[PDB]
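Starting off, we have a lone chain in the form deposited in one PDB entry, written out as structure tokens.
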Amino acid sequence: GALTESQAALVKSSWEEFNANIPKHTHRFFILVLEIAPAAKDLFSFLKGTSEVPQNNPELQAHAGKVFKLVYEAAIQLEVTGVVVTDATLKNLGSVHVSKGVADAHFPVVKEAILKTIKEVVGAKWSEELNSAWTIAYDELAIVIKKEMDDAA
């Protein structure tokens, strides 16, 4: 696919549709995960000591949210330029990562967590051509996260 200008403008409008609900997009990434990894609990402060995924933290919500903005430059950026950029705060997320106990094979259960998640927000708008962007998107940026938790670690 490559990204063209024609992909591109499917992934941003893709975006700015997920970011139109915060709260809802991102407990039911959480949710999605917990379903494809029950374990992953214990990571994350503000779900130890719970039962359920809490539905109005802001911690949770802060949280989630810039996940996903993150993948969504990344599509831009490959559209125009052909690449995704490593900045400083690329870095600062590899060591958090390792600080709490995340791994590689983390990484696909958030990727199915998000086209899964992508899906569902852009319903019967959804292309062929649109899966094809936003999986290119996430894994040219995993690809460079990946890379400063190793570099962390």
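Numbering follows the first chain given and starts at 1. Whichever C-alpha set is largest while still superposing within 1.5 Å between the two forms counts as the rigid core. Compared with the form deposited in another entry:
For residue 92, a C-alpha deviation below 2 angstroms is recorded between these two forms after rigid-core alignment.
Could the form deposited in another entry be given as well, to go with the form deposited in one PDB entry?
This part shows the chain on its own.
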């Protein structure tokens, strides 16, 4: 795909529907992360120590909202420029993920939760095109992050 204007339109659309209920969708997103990889709980500063995932926690909501925002912006960048660019922000993001003990093998985990989160957010308007645009947007932005990471350690 490498994002055609229509895949990019489709990603932009599901992102607003994402963004129309942050508390819900972001709580659902974390539930999904833990179901895939239980042990991932521990790397989150606002998850460990708890039973279940808080529903009205401000840091959780801002951090998961921002994750999704980054992937949607990569998707527009891929369409428009043809590449994902490495700017300050993403290099900062590399150092911070090395800090928190993130590895390359973790990235799949957060991809599948994002895929599944979007499937439930769009409900009947889910297509394979949507699934492939988001796959692509995620995989290109994680290649860039994976790079800054190995440059911070």
